Amino acid sequence: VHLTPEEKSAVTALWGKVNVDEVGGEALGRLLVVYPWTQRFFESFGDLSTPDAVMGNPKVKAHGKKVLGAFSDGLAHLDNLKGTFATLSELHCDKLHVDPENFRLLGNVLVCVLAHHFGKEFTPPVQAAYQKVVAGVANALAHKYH
Amino acid sequence: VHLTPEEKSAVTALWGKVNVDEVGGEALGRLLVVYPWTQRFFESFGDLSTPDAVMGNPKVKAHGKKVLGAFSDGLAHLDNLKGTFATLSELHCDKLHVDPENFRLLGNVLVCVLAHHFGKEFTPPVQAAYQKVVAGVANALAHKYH
Amino acid sequence: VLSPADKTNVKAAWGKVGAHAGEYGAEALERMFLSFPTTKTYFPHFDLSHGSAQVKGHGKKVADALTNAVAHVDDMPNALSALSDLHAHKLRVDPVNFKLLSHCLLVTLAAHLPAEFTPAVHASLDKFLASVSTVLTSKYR
Amino acid sequence: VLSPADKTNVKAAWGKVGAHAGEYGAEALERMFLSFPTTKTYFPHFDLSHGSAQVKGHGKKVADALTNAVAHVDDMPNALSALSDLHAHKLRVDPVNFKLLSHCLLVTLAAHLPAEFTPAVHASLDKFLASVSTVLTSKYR
Ligand code: HEM
Ligand code: HEM
Ligand code: HEM
Ligand code: HEM
Ligand SMILES: COc1ccc(OCc2cccnc2)c(C=O)c1
Ligand SMILES: *Cc1cc(OC)ccc1OCc1cccnc1
Ligand SMILES: *Cc1cc(OC)ccc1OCc1cccnc1
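Chains as they are written, first to last, in the deposited numbering: chain B, 1 to 146; chain D, 1 to 146; chain C, 1 to 141; chain A, 1 to 141.
Treat the hints as calculated values from the structure; they're not laboratory data.
Don't be surprised by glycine CBs; every beta carbon is placed ideally from N, CA and C.
It cannot be assumed that every hint is accurate.
[Said to hold, decoys possible] Pair ranges (Cβ atoms, derived):
(1) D47/D / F43/A: 23 to 31 Å
(2) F46/A / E121/B: 23 to 31 Å
(3) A19/C / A13/D: 30 to 38 Å
(4) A13/B / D47/D: 51 to 59 Å
Construct all of the structure, not just a fragment, from the sequences and the given hints.
Take a look at the structure:
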């Protein structure tokens, strides 16, 4: 992923303010509410029967933290994205067989979460930068398929 | 990509019977008829207003032969599709900006055309082998998008 | 959204398919399971071997649902309400799977209709299957 | 296929946009043009620079059609017939672009309507934009 110098700082600055204990759960949670079929991959989390049940599900929130952490790592290695996610790529592609399109959906759901949380601060340019980040993250996770 | 010995062998036996002068045009012609937005990339080709104009278009026939010719290329190099399509991938992704889902569509359209020509000879096992090939080609063509 | 022409083509072609509908549904299923193995995870208890009585029987079910869809082409949501609840709400089928089955059905049609699978019929049937797929993957209750 | 709950969510949420229509439509367009430059090829003679009077006016048209779609959510094909002809037949917009704008509209709504953009409303809006996108990319004329 190629983030200009200005984009890199905007991305880092914003990420610095992200609540690392909530944003991942919000994003994983919205994915399961907006694209319900993705719940099939998380039946072991328990009650996901309604939007509120999903958003308030403890396993959704906990797993959300791990997910956000992976995005954080990507941000610290935009230079080596596909390498950084090599291990997660085998898990999601060879073991779970998550269709690559779902990776793009989670990235975009994350972007909706940042806009929701930061409002007017998540300007069009900052969004443009983040789209590159999540697009690279998604591609790096799908790599094993290619 | 993968393709076991039986698969690689079956694919070959069938390709040997494919007419290289027409199957490409039919695949491209059907892509334009079934997914009309694809016609936006061929305005210089002439009349594409009806299915008869499309399937009869001389430019569609000629261009389809080159398309088929690239697939024939991929078959001769199943172990290096990415390398084989490097030049086409730069053309389609960086110059034309053809959304990658369309590569998947033309690939499946070609499969339908093959089934149309071979009938009962296009067995589920033969199809299965060919889905591995067209998926390889489409992923290879979208490489510059990664 | 099917145009008046699509509806005519769909009724005409499915009418052609005729008595061979159940058979074609089974073959579509077999083609899907072989070409796209991941789809098998949705049928854990079926004997998915070539020619199994279960796949053929299930194929007849799919085909009859499609025939019913063709007959209520103007109000598919209503007619497919039960199957929509089954696929979208209960089983949570990823929509990509519907594109795979649809493709396998078109491949199957092409293989058995060298005289009737014209480009227009192909285009119309593809939109019909895409429509039916959207209805079955949408939770509209 | 929108559920009765989706229509209620979409009407409630979109209704809050009101007079912000042109502004929000224009911001979605700008977000789309900056985030996915390929979309710009559809607007050659357009001044796409930030603050463009052309983008602002175009955004108001986009936003008002959406308002009209929300009004005729129970009969979108008929209501959007002309806009569908424009995008599907005349402009031949690749379907992928609609997902990009749709996503940009959801981002815009979220950035401006924190209280209204709940997971459930987010869901209904996505479904609604996807439905509008399907109609606009379909040739049923
Ligand atoms: C797009 C970015 C994504 C990222 C960054 C990501 C990251 C992660 C991480 C960090 C783990 C835990 C790895 C470990 O246990 O060592 C994980 C697990 C998993 N992910 Fe993802 N993931 C992504 C998308 C998806 C999507 C879209 C799905 C499917 C809808 C999915 C389904 C799963 C499942 C099932 C697990 C195992 C969870 C369990 O059952 O305990 N992931 N992911
Ligand atoms: C997926 C398989 C595909 C293969 C293997 C393929 C192969 C080819 C080949 C060999 C050429 C000619 C290269 C040259 O001589 O410079 C070409 C050009 C081009 N392709 Fe593709 N193509 C594919 C898909 C597509 C799709 C899906 C679209 C659009 C929806 C497309 C649009 C074009 C255009 C616009 C040019 C020609 C430009 C012109 O001469 O005006 N191709 N393709
Ligand atoms: C045109 C598309 C499809 C149609 C018309 C359709 C139709 C049907 C019908 C008629 C049934 C029987 C319902 C009943 O017993 O009352 C069924 C069940 C089922 N379908 Fe589909 N289906 C389609 C696509 C899919 C796809 C893409 C998958 C996923 C890979 C799938 C997975 C299932 C499963 C798992 C069952 C239940 C099997 C059982 O337990 O007996 N279907 N479908
Ligand atoms: C939510 C979906 C969309 C809606 C509601 C929408 C609505 C409209 C409307 C109302 C017009 C203005 C026509 C007038 O002046 O009266 C129009 C024109 C147009 N739209 Fe869309 N549109 C959508 C998505 C798209 C997408 C995805 C593209 C391409 C990225 C696109 C490209 C255009 C173009 C190029 C025109 C003509 C603009 C001009 O030259 O003045 N539209 N659209
Ligand atoms: C660039 O080509 C066109 C053709 C027709 C138009 O508006 C008339 C219209 C057509 C379809 C639906 N509503 C209004 C527009 C509006 O920018 C642009
Ligand atoms: C008309 C239509 C076209 C496509 O092409 C991808 C997908 C879905 C669709 O319609 C869904 C539908 C059908 C009848 C009634 N309501 C919604
Ligand atoms: C209902 C619906 C859902 C999706 O994806 C979530 C896409 C299209 C769609 O409906 C298209 C439609 C709407 C009204 C009448 N005919 C077709």
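Could you work out which earlier hints the structure fails to respect and list their numbers in ascending sequence? Of the numbered hints given earlier, the structure breaks none, since each of them holds.
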